[PDB]
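First comes the structure, then the notes that go with it.
Now for chain A:
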Amino acid sequence: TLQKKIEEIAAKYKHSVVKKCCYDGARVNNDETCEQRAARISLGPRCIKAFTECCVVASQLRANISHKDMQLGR
Partner candidate 1 sequence: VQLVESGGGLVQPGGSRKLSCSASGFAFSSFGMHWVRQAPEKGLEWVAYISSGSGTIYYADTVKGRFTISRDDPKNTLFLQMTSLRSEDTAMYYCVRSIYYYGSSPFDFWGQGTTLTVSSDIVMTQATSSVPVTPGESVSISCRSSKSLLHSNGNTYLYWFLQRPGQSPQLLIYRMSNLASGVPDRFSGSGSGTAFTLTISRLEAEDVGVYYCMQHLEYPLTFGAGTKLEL
Partner candidate 2 sequence: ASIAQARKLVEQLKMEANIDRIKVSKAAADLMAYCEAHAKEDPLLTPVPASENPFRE
Partner candidate 3 sequence: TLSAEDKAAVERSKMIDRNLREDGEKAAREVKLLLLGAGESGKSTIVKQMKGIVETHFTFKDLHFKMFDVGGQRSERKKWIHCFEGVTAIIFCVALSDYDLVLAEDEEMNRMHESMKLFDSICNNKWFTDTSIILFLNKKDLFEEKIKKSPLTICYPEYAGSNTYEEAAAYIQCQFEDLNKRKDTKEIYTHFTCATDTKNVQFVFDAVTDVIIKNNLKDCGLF
Partner candidate 4 sequence: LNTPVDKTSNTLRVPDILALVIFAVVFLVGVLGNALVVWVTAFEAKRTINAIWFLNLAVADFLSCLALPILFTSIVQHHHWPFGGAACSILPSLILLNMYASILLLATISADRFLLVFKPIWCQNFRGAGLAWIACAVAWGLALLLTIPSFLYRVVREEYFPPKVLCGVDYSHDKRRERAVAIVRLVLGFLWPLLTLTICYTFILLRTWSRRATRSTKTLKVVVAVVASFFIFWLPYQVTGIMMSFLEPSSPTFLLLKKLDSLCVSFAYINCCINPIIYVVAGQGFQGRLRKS
């Protein structure tokens, strides 16, 4: 139900840029945390908050999934 909850969060948007920021926050980048990734964002002063909220929401639900992405060679 990650899609439904992300859409619910994005439904509180005001501009298309906010929706784009929230979609960007949902990415599955693993090396860095959402707070550190926010440091690279400077285009929008109000993009930071939506990005942080969306990424923090996504990361918590991505845990406890029991699925492992084993490669085709194993």
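The candidates were selected such that all candidates are chains of the complex that A comes from, given by their letters.
The rule we apply is simple: a residue touches a chain if its C-beta (ideal position, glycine included) is under 8 Å from a C-beta of that chain, and two chains touch if they have at least 3 such contacts; residues count from 1.
Visitor: Any copy counts here: identify which of 1, 2, 3 or 4 touches chain A within this complex.
Guide: So the chain touching chain A in this assembly is 4.
Visitor: Help me check something: in the complex, which residues belonging to chain A touch candidate 4?
Guide: 2-3, 6, 20-21, 23-24, 26-32, 37, 40-41, 43-44, 47, 51, 63, 66-74
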